[PDB]
Amino acid sequence: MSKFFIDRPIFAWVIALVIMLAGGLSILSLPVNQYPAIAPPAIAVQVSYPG
Amino acid sequence: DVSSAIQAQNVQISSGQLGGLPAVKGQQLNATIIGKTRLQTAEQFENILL
Ligand SMILES: CCCCCCCCCCCCO[C@@H]1O[C@H](CO)[C@@H](O[C@H]2O[C@H](CO)[C@@H](O)[C@H](O)[C@H]2O)[C@H](O)[C@H]1O
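Line order of the protein sequences matches chains A and B. With the numbering used here applied, the first sequence corresponds to residues 1 to 51, in that order. With the numbering used here applied, the second sequence corresponds to residues 1 to 50, in that order.
No lab work stands behind these hints: they were computed from the structure. Where is the CB? At the ideal position from N, CA and C, for every residue including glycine. Hints may contain errors.
[Stated by the list, open to error] Among the chain B residues that face chain A by a calculated CB cut under 10 Å, a handful are:
(1) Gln12
(2) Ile13
(3) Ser14
(4) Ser15
(5) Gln17
(6) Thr32
(7) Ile33
(8) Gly35
[Stated by the list, open to error] Here are the computed distance ranges between Cβ atoms for each label pair:
(9) B:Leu29 to A:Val47: 22 to 30 Å
(10) B:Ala31 to A:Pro36: 42 to 50 Å
(11) B:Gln17 to A:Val47: 16 to 24 Å
(12) A:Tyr49 to B:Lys25: 30 to 38 Å
(13) B:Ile6 to A:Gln34: 54 to 62 Å
[As the list claims (entries may be wrong)] Every beta carbon over 10 Å from chain B, so not counted as near; a handful from chain A, in silico:
(14) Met1
(15) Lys3
(16) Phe4
(17) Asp7
(18) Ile10
(19) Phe11
(20) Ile19
(21) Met20
(22) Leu21
(23) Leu25
(24) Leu28
(25) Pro31
(26) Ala37
(27) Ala39
(28) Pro41
Here chain A stands alone, though its shape is the one from the complex:
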C-alpha cells in the first residue's frame, strides 16, 4: 500500500472514515458502567426451621 495510497488519498480517507463511522455508531449503543462483571458468581440457599 502506502505508495498506492499516497496517490489515492481519497481512498485512504474513506477506509479511515468507514472505520470512524462504524466505531462512532457503536458508541451510541454500548453499555456504560464503572466496572465490568468482576465478582465470583455465588448462589445462595435459604430455609428457616421455625424456632
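Got chain A sorted already, so can you dock chain B with the ligand onto it with the hints?
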C-alpha cells in the same frame, strides 16, 4: 396406638421469644427461649407412656 403415641411424644417443642417484638415500653431483656428437641436414645423411646 403406638404410632400415635410416638407422634405426640417424640416431637419438637416449637419455642417462642422472651421480649418478642412488638414489646411493651421497657422490655430490656430480649432472649430466645429454647424448648426441648427430640428423643435421641433408644431408652427415651422404650419409655413414652402408652
Ligand atoms: C491481532 C490481530 C491484528 C490484525 C491486524 C493486522 C494488520 C497489520 C498490518 C500490516 C500490513 C502492512 O503491509 C505493508 O505494506 C507496505 C506498503 O507500503 C509495505 O511497506 C514497505 O515495505 C518494504 C520495506 O521497506 C519496502 O520494500 C516497500 O517499498 C515499502 O512500501 C510493507 O512491505 C508491508 O509490510
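Tested hints:
For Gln12 (chain B), the shortest C-beta to C-beta distance to chain A is roughly 8 Å, which falls under 10 Å, so the interface hint holds. A cut of 10 Å between beta carbons decides the hint on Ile13 (chain B): the least distance to chain A is about 8 Å, and the hint holds. At its closest, the beta carbon of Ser14 (chain B) sits 5 Å from a beta carbon of chain A; the interface hint therefore holds under the 10 Å criterion. The closest approach between the C-beta of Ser15 (chain B) and any C-beta of chain A is roughly 4 Å, which is under the 10 Å cut-off, so the hint is satisfied.
The interface hint given for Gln17 (chain B) holds, since its Cβ lies 8 Å from the closest Cβ of chain A, which is under the 10 Å cut-off. With 10 Å as the threshold, the beta carbon of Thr32 (chain B) comes within range of chain A, its nearest partner Cβ sitting at about 8 Å, so the hint holds. The interface hint given for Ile33 (chain B) is met, as the beta carbon of that residue sits about 9 Å from the closest beta carbon of chain A, less than 10 Å. Interface restraint check: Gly35 (chain B) against chain A, minimum CB-CB distance 8 Å, threshold 10 Å, status holds.
A hinted range of 22 to 30 Å for the beta carbons of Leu29 (chain B) and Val47 (chain A) is consistent with their spacing of about 29 Å. Taken as a hint, the range 42 to 50 Å holds for the pair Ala31 (chain B) and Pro36 (chain A), whose Cβ atoms sit roughly 47 Å apart. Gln17 (chain B) and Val47 (chain A) have their C-beta atoms about 19 Å apart, which keeps the hinted 16 to 24 Å range intact. Between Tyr49 (chain A) and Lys25 (chain B) the Cβ separation comes to about 32 Å, which falls inside the hinted range of 30 to 38 Å.
Judged by the Cβ atoms, the range 54 to 62 Å given for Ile6 (chain B) and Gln34 (chain A) holds: they are separated by roughly 60 Å. Residue-level check passed: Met1 (chain A) sits 78 Å from the nearest beta carbon of chain B, beyond 10 Å. No beta-carbon of chain B is positioned within 10 Å of the beta-carbon of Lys3 (chain A); the least distance is around 84 Å. Even its closest Cβ contact with chain B, about 82 Å, leaves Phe4 (chain A) beyond 10 Å, as expected for a residue assigned away from the interface.
Taking the minimum C-beta to C-beta distance to chain B, about 85 Å, the non-interface status of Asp7 (chain A) holds against the 10 Å cut. Taking the minimum C-beta to C-beta distance to chain B, about 78 Å, the non-interface status of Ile10 (chain A) holds against the 10 Å cut. With a least CB separation of 78 Å from chain B, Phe11 (chain A) remains clear of the 10 Å interface cut-off, as annotated. With a least beta-carbon separation of about 65 Å from chain B, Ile19 (chain A) lies farther than 10 Å from that chain, consistent with its non-interface assignment.
No beta-carbon of chain B comes within 10 Å of the beta-carbon of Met20 (chain A); the shortest separation is about 64 Å. Non-interface call for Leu21 (chain A) relative to chain B: holds, since the shortest CB-CB distance, roughly 63 Å, exceeds 10 Å. The beta carbon of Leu25 (chain A) is kept farther than 10 Å from every beta carbon of chain B, the shortest such distance being approximately 57 Å. Against chain B, the non-interface label of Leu28 (chain A) holds: every CB pair exceeds 10 Å, the least being about 52 Å.
Chain B leaves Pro31 (chain A) outside its interface by the beta-carbon criterion, the shortest separation being 43 Å against a cut-off of 10 Å. With a minimum CB-CB distance of about 39 Å to chain B, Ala37 (chain A) clears the 10 Å threshold, and the non-interface call stands. Every C-beta of chain B lies more than 10 Å from that of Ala39 (chain A), the closest at about 34 Å, which supports listing it as non-interface. No Cβ of chain B approaches the Cβ of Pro41 (chain A) within 10 Å, the least distance being about 34 Å, so the stated non-interface status holds.
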